[PDB]
Every structure is written in structure tokens, then in C-alpha cells.
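Please construct the entire structure, taking both the sequences and the accompanying hints into account.
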Amino acid sequence: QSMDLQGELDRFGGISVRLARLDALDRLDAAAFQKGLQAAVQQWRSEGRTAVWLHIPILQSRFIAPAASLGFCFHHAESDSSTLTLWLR
Amino acid sequence: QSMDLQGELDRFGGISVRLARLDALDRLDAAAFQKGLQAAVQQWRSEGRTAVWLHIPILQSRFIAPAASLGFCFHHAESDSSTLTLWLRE
Numbered sequence: 001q002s003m004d005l006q007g008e009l010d011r012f013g014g015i016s017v018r019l020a021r022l023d024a025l026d027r028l029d030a031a032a033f034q035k036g037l038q039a040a041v042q043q044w045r046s047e048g049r050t051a052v053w054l055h056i057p058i059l060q061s062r063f064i065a066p067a068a069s070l071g072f073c074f075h076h077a078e079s080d081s082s083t084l085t086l087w088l089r
Numbered sequence: 001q002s003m004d005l006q007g008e009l010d011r012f013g014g015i016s017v018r019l020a021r022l023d024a025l026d027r028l029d030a031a032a033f034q035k036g037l038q039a040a041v042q043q044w045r046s047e048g049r050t051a052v053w054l055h056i057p058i059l060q061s062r063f064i065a066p067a068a069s070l071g072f073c074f075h076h077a078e079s080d081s082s083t084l085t086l087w088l089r090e
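Sequence lines, in order, name chains A and B. Residue numbers are given in our numbering: position 64 of the first sequence equals residue 64, and the series is strictly consecutive. Residue numbers are given in our numbering: position 2 of the second sequence equals residue 2, and the series is strictly consecutive.
In short, the hints are calculated from the structure, not lab data. Hints may be right or wrong, so weigh each one.
Residues on chain A that point at chain B, a partial pick, calculated with CB under 10 Å [said to hold, decoys possible]:
1) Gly48
2) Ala67
3) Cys73
4) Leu84
Here a beta-carbon is modelled for each residue, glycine too, at the ideal position from N, C-alpha and C.
See below:
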């Protein structure tokens, strides 16, 4: 198998990933994340999820560009974190 | 012989740095940017500038965490770019 992103389903059929839960110790390599996020996104499409949300603390921003390469864009940012989203259907 | 960050002086005595300008070909190493940013801020602080605003296209987000390590925080982030800031007047 492969990387468990610990996605939380919301009431609108969407799914949320927080990097503070997934990589609590800030030890996760960006390329490995890209690989896990790519595989997760493929899975979440074929189960008819509506959207994916990625919440990324500022010091963990290494995860943004690889997410972006997969379609994610900025929704908003607080001073110390950002939230990215990918619309699915 | 420090790296030129190609800062743009605004009308309020602050500096804008735009990664679309500084690294148009998307070839600049994140660590090299950090070292250059650090030095640039020393210079800007010494010359009494107001603040720094960093504009960073989304695919170039490797530059954020290093900026953050020097005290920058998000100002705004939407769509395919984000903006970071560091207030210099203490």
C-alpha cells in the first residue's frame, strides 16, 4: 500500500487534509508527499468526492508547489498558514 | 558581493520583491534565495526602509518557508500567487 493522508470528510462530500496532523513532527519529504497526495487524489475522484482541502502551516510550505502541480490553488492565507483547494466535481 | 534581489521601492518607503521578476525562469535555489534575502533585509533595515513585500507565484512556493524563517508571514494568498510581509520599523 501507500501513504495515509488522514483525510477528514465534511458534510458537502469534500475531504480535508491538515499537514499538522499528517506531519506533526515536520519530517515529511516534499517529493514523498507529492507521491502520496497524487495517489490520494486519484482515489478521492473515483469515490466521487467533491473537493480536497489542504491546510498547510507556513514552515511546511514546501508542500504547496507539489500540490499546485496537481491542480491545487490558494484559497486563503492566515499570517502563519495557508489553505489550498482542488475542485473535483 | 551579495545577491541582488531586484527590490522595487514603493511610495511608502518599503520594498517589493517579485519572484516573477527575480527568477523568471524558475531556476533559483531555495537556500540561495534565503541567504540573499537575509543580507538584503540587513541592508534595507540599515537604510531605514519601511517593510518588505514578497510576491511569490504558486509553483515557486519553495521560497515561503525560508522567508518565514527570517520573520516573514503571509499577508495574502489567493489563486496562483501569495504575498508575504516583514515590517521593518521597530
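inquiry  = Let's test the interface hint: is any C-beta of chain B closer than 10 Å to that of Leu84 of chain A?
reply    = Nearest chain B Cβ about 9 Å off; hint holds.
ask   = Is the shortest C-beta separation between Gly48 of chain A and chain B less than 10 Å?
value = Given a least distance of 26 Å, the restraint on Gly48 of chain A is violated.
request  = Under 10 Å, Cβ to Cβ, is where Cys73 of chain A needs to be relative to chain B, so tell me if that hint holds or is violated.
outcome  = Since chain B brings a Cβ to about 5 Å from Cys73 of chain A, closer than 10 Å, the hint holds.
task = Could you check if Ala67 of chain A really has its C-beta closer than 10 Å to a C-beta on chain B?
result = Where the cut-off is 10 Å and the nearest Cβ of chain B is about 9 Å from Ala67 of chain A, the hint holds.
Taken one by one, the earlier hints fail for this structure only at number 1.
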